[PDB]
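First, one chain by itself: the form deposited in one PDB entry, in structure tokens.
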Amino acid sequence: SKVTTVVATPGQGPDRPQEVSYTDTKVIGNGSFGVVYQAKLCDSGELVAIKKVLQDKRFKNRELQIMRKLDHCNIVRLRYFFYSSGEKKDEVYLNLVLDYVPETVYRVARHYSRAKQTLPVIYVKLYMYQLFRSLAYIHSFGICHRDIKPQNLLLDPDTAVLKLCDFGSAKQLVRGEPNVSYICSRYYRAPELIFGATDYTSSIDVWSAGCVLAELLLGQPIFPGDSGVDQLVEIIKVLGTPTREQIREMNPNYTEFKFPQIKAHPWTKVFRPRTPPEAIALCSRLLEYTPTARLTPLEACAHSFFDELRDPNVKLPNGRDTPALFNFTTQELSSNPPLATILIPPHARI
């Protein structure tokens, strides 16, 4: 039970460093950036994660910049950040200390799928709405996550609160400056990115969210490509070959083979017989080739598949109340404020 103490700036708040003490630190993850840890704050005993990434001096970290300006019930909070050096030579690490949320949609969905069960539709509605809520929030800032996938959706199994995490691929999408095409995890990678587009939009996140919805409905990934290019083949096996005009809207500069001519597969045959009609309906307005065709995250939240969540009597399966789903801020409703009439049901207004 060793106690580590660091001088950390508060996450959102003002640049006033304070000493923060934590203990009980375990490795829990890693990647190309560095290592991820769990720890307990000696103060409040609250659990936290710490993403530790090698940060080159003299050049700013865009994940930190993006995270300092986010504050949303469905996004993991950046509580503190701090620097530290070691294990290496004259290298500086940036540490993000984030709220710890214990579960992920990936692990949940794997447990049902291993037990050959479908995750109940109520959980599908709860997870997907909160994911769409977080997207509406970051997209109103022009920030695009670029890594929506089941492992980056944290869950509290008791409150069913969902929080979006891992902002190591997020970027301010600025109009006219290009962006890299090979982002997003393969299975959740939108088609314009596979077509090499570099002027894509936030709707690549909405494609990803549709892949997750579809995956929850089906109990397995809906487009499991065994490469960056075979991903497109899997997509085509459901949506059929994209029309010449659809290829233009995805990226207006391309010749990728020509693909064999394949008919679109009807959405009803894509899912299992007892799949709810509004789930399939919602899904088909997300998994569209034309990136302007897809729903915005707010419109998705307004979808009728989510109406059970707007019911005043709804409860979680463990008898408890649903998390807070109607406290929209004006920034959240900014893209389409009229949608408030559907999104804040009567029983939830003041």
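Heads up, when I say rigid core I mean the largest set of C-alphas that superpose within 1.5 Å between the two forms. Positions refer to the first chain, counted from 1. Compared with the form deposited in another entry:
In the overlay on the core between the two forms, a shift of 2 Å or more in CA position is seen for a single residue of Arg244, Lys269, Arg114, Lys88, which is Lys88. A displacement of less than 2 angstroms separates the C-alpha positions of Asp156 between the two forms, with the rigid core held in common. Superposition of the core reveals a Cα shift of 2 Å or more for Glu256 between the two forms.
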Given for the second form:
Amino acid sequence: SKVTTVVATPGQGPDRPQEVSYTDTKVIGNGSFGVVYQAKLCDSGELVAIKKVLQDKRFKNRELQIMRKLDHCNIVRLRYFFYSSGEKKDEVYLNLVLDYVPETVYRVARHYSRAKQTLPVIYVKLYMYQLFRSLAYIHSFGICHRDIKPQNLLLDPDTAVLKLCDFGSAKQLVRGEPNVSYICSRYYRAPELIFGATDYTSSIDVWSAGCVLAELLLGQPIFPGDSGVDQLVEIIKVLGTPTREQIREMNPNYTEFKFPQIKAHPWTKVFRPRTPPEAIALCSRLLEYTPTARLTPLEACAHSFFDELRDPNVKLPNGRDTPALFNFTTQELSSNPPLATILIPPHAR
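Next block: the form deposited in another entry, after the form deposited in one PDB entry:
FYI, this one's just the chain on its own, none of its partners or other molecules.
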């Protein structure tokens, strides 16, 4: 029972609207942005999400604009978009029909931490690797996600496919043009953001991804606190006080403020023992005060921490093959093509 039928434009096709029918409409997500539905497509029977936001008629919807440009194994796909609403309002809503994926890194991590246990490092490698691809991809367009966190990392429990989602904060950054600093979420904000910088770069996403990796290793977020001050105290307990040369590289307006004069904690006893050394080493190269020093998503994918993934004989724990991982396009590799010699091993060419 109850089939909904709407007139939608495909996400990447040509702008030519078709009838699209779907059932099993249920609310799965609600909040500020608007509402997210689950439904099943009547044709091929496939599961999809429906992000429904209010449309500003002034000019285009940034998120729609970005989703239509993107096509990537590790990013949720925009299948259709369409407009709506017929009950009692008189505003126009945009609805984005997206690929559906049932689990999130946020959930998996919560299951492990609650059960006082650690995610096997193979999953950590798998998930973080695909994240870096997704970022290397979007960054190559100049798009910055600006809200990297465990709730926006989607997972296939059986195939270990991670797909990045929620582009409702994404922005194409232009060098010299101001950006709002108040984006990005509670545990995952780069110090330049905590400092109110309006000229950050994409390296805010690498910082965040470091917070997720560190979290998956620790079983809890590495820099907690309900405020900037509190978060910064955590950051400093681990990184030490930023030098003046680092403060100015984050936000020059902040060089004269009093900071807790705390010395650098050795990165090793941040994590418990038998945490892989390559995992720690990678964290330290992501979570650097000076934005320009953080690794790039592409350089991260090539870090020795992901070597296991490159061994021909790697299998998933459940015995299946690992998901696609070496199918790099030129776009994906544009930032630094000579990396391909590490990124794509002898066996899959």
